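Engineer: Residue strings, one per chain:
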Amino acid sequence: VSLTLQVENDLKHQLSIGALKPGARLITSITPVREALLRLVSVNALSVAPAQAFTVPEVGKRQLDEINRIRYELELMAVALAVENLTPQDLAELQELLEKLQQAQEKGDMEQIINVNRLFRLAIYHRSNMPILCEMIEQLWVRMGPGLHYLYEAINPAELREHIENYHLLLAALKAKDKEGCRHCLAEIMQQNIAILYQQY
Amino acid sequence: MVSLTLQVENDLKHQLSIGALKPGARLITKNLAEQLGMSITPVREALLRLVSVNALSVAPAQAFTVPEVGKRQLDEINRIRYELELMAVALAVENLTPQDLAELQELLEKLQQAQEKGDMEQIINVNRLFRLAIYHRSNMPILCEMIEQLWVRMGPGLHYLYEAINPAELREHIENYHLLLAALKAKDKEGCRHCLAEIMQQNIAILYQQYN
Numbered sequence: 010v011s012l013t014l015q016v017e018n019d020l021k022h023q024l025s026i027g028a029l030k031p032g033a034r035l036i037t047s048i049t050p051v052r053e054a055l056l057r058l059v060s061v062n063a064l065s066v067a068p069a070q071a072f073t074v075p076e077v078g079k080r081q082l083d084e085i086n087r088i089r090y091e092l093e094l095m096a097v098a099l100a101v102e103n104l105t106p107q108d109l110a111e112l113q114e115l116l117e118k119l120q121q122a123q124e125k126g127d128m129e130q131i132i133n134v135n136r137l138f139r140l141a142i143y144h145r146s147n148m149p150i151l152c153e154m155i156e157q158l159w160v161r162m163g164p165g166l167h168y169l170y171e172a173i174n175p176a177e178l179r180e181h182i183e184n185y186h187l188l189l190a191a192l193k194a195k196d197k198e199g200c201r202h203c204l205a206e207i208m209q210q211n212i213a214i215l216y217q218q219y
Numbered sequence: 009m010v011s012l013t014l015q016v017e018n019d020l021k022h023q024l025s026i027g028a029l030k031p032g033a034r035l036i037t038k039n040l041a042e043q044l045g046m047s048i049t050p051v052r053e054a055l056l057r058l059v060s061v062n063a064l065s066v067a068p069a070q071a072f073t074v075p076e077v078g079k080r081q082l083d084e085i086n087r088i089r090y091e092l093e094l095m096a097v098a099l100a101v102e103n104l105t106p107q108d109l110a111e112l113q114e115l116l117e118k119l120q121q122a123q124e125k126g127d128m129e130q131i132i133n134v135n136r137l138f139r140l141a142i143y144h145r146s147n148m149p150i151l152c153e154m155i156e157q158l159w160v161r162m163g164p165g166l167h168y169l170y171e172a173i174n175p176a177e178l179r180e181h182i183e184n185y186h187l188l189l190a191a192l193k194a195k196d197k198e199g200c201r202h203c204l205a206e207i208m209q210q211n212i213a214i215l216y217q218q219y220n
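From first to last, the protein sequence lines are chains B and A. Mapping of the first sequence onto the deposited numbering: residues 10 to 37, 47 to 219, in sequence order. Each residue of the second sequence is one higher than the one before, counting from 9 in the deposited numbering.
Read the hints as simulated data drawn from the structure, not as lab findings. It cannot be assumed that every hint is accurate.
[Said to hold, decoys possible] The list that follows gives simulated cross-link-like pairs (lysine-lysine, BS3-like), each with its CA atoms no further than 30 Å apart:
1. A:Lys30 - A:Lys118
2. B:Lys125 - B:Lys21
3. B:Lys79 - A:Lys38
4. A:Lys125 - A:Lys21
5. A:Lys118 - A:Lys38
6. B:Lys197 - A:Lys125
7. A:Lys21 - A:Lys38
8. B:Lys21 - B:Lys118
9. B:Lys79 - B:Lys193
10. B:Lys197 - A:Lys197
11. A:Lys21 - B:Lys21
12. B:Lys195 - A:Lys79
13. A:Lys118 - A:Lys193
14. B:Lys79 - B:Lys30
15. A:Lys125 - A:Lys193
16. B:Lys30 - B:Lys125
17. A:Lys118 - A:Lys21
18. B:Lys79 - A:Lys125
[As the list claims (entries may be wrong)] Far from chain B, some chain A residues (derived; all Cβ distances over 12 Å):
19. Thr13
20. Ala41
21. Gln43
22. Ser60
23. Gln81
24. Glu84
25. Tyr90
26. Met128
27. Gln157
28. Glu177
29. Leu187
30. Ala194
31. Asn220
We put the CB at the ideal spot given by N, CA and C, even for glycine.
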């Protein structure tokens, strides 16, 4: 029915927040679940070797580079289009999320850090009124998603204190309706976050 | 490996991409399985794969519909693919071999023949094959797949071409393709971007006539 599509959405989400380790084996009603996993294989959100079990993809440096290069263009496009549509209520909700992010970093909750970051940025991009652009960005997040698992393994959230500052600057740039400033702030955010991710190589 | 499901999926992507399926059309899984001489299973899965990327919509009673592509949606898809295709073409320049260029020249001849013969489907298809052959040399498979994905999404918007556009009025449109190939041969990055942008602008202008 429409259950299998929902199972797929749930797995895409787990992949996106780095909840699944690269190379890990996923153990599969079971029928629509298996159907969702095979559909995810077909878009390379998951891997399978012939006649064997589903696995979380391995994302090498070259592939992460390619993904970052593409989303760089798309996410900066989204933020530039969102600037002109953000309402006072939008900005207030973004400030709230930024406070949630600070809490997560202070609590040392890496799960919440990743999740709040996701919602903060997606909340911005959605306000661009470009739903297809946002679809494309989420697809890329799913592909680089297994690359985020490293955060849980090696990264101490205490060393992420200064990283929240670029978020305040982005929100300030959004509040000031400064389009080019938003692009610079978002590029800075992506750059610093990717630098953390590259340590796994 | 060859999968029946993948084969149906790629054929449906191709049909969508070249404008062979009309916006809003109701696709019946059973009809398609009968037409392909296949079990329902790989046909239904292929259709659901397209639903999962929003290339098709779910319809009542084991069926699907081809999405409606309004000007607003075509606008968004064009804006997105504009950046991606220009990025693809610029990266492909430093990797194109004499052999690559030779095959691009052959595709261009096919395109001219298609326009002279008045074969609208072949015109559309060869344009696709030509640009994709270029993009593949960017060595960015995910970028190329995403570009193909966006062509699938705008695809139903091309159905208008078969009914309303006289292929004879597209004669002069092939010159931009010659110019693009020359720019690729001369390794001129900005010239490639400019020619490809011109190609897209003129082709899009034709598509917008359907919303009048």
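Engineer: Run every hint past the structure and note whether it holds.
Structural biologist: Going down the list of hints, with the structure as the test:
The hinted pair formed by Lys30 of chain A and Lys118 of chain A meets the criterion: a straight-line CA distance of about 26 Å does not exceed 30 Å. As the CA atoms of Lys125 of chain B and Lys21 of chain B are separated by approximately 26 Å, the hinted pair is consistent with the 30 Å bound. Only pairs whose Cα atoms come within 30 Å are accepted, and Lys79 of chain B paired with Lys38 of chain A is rejected, the gap being roughly 44 Å. The suggested pairing of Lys125 of chain A with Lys21 of chain A holds, with an alpha-carbon distance near 25 Å, which does not exceed 30 Å.
A C-alpha spacing of about 36 Å is found between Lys118 of chain A and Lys38 of chain A, which places the hinted pair above 30 Å, so the restraint is violated. Only pairs whose Cα atoms come within 30 Å are accepted, and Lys197 of chain B paired with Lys125 of chain A is rejected, the gap being roughly 49 Å. A hinted pair counts as satisfied when its Cα atoms are at most 30 Å apart, and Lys21 of chain A with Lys38 of chain A qualifies at roughly 18 Å. A distance of roughly 23 Å separates the Cα atoms of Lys21 of chain B and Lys118 of chain B; the hinted pair therefore holds under the 30 Å criterion.
Taken as a hint, the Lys79 of chain B and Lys193 of chain B pair is broken in the structure, with Cα atoms around 35 Å apart against an allowance of 30 Å. Restraint check for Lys197 of chain B and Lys197 of chain A: satisfied, since their Cα atoms lie roughly 27 Å apart, inside the 30 Å limit. For the hint linking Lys21 of chain A to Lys21 of chain B, the alpha-carbon distance of about 22 Å falls within 30 Å, and the restraint holds. Note on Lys195 of chain B and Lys79 of chain A: the hinted pairing holds, with a Cα-Cα distance of about 28 Å set against a maximum of 30 Å.
At roughly 19 Å between alpha-carbon atoms, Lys118 of chain A and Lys193 of chain A fall within 30 Å of each other, so this suggested pair holds. Taking the CA atoms of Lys79 of chain B and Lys30 of chain B, the gap is near 16 Å; set against the 30 Å cutoff, the hint holds. The suggested pairing of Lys125 of chain A with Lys193 of chain A holds, with an alpha-carbon distance near 28 Å, which does not exceed 30 Å. Under the criterion of a C-alpha separation no larger than 30 Å, the hint pairing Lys30 of chain B with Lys125 of chain B is consistent with the structure, at around 23 Å.
The suggested pairing of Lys118 of chain A with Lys21 of chain A holds, with an alpha-carbon distance near 22 Å, which does not exceed 30 Å. In summary, the hint linking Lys79 of chain B to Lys125 of chain A is not supported, as the alpha carbons are separated by about 48 Å, beyond the 30 Å threshold. A beta-carbon of chain B comes within 12 Å of the beta-carbon of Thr13 of chain A; the shortest separation is about 8 Å. At the 12 Å boundary, the C-beta of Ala41 of chain A stays outside the reach of chain B, the nearest C-beta of that chain being 17 Å off.
With a least beta-carbon separation of about 22 Å from chain B, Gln43 of chain A lies farther than 12 Å from that chain, consistent with its non-interface assignment. Annotated as non-interface, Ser60 of chain A brings its C-beta within 12 Å of a C-beta of chain B; the closest such distance is 5 Å. At roughly 7 Å, the least C-beta separation between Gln81 of chain A and chain B is not larger than 12 Å, which violates its mark as non-interface. Under the 12 Å C-beta cut-off, the non-interface status given to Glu84 of chain A relative to chain B is violated; the minimum distance is some 5 Å.
For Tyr90 of chain A, the condition that its CB be more than 12 Å from all CB atoms of chain B is violated, with the nearest at approximately 10 Å. Look at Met128 of chain A: its CB is around 26 Å from the nearest CB on chain B, clear of 12 Å, so calling it non-interface holds up. Not every Cβ of chain B is farther than 12 Å from the Cβ of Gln157 of chain A; the closest lies at roughly 8 Å, contradicting the non-interface assignment. In this structure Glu177 of chain A is separated from chain B by more than 12 Å, as the shortest Cβ-Cβ distance comes to about 30 Å.
Look at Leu187 of chain A: its CB is around 25 Å from the nearest CB on chain B, clear of 12 Å, so calling it non-interface holds up. No Cβ of chain B comes within 12 Å of the Cβ of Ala194 of chain A; the nearest lies about 25 Å off, and the non-interface call holds. Distance to chain B confirms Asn220 of chain A as a non-interface residue, since its nearest Cβ pair spans about 24 Å, more than 12 Å.
Consistency with the previously given hints fails for numbers 3, 5, 6, 9, 18, 19, 22, 23, 24, 25, 27, ordered from lowest to highest.
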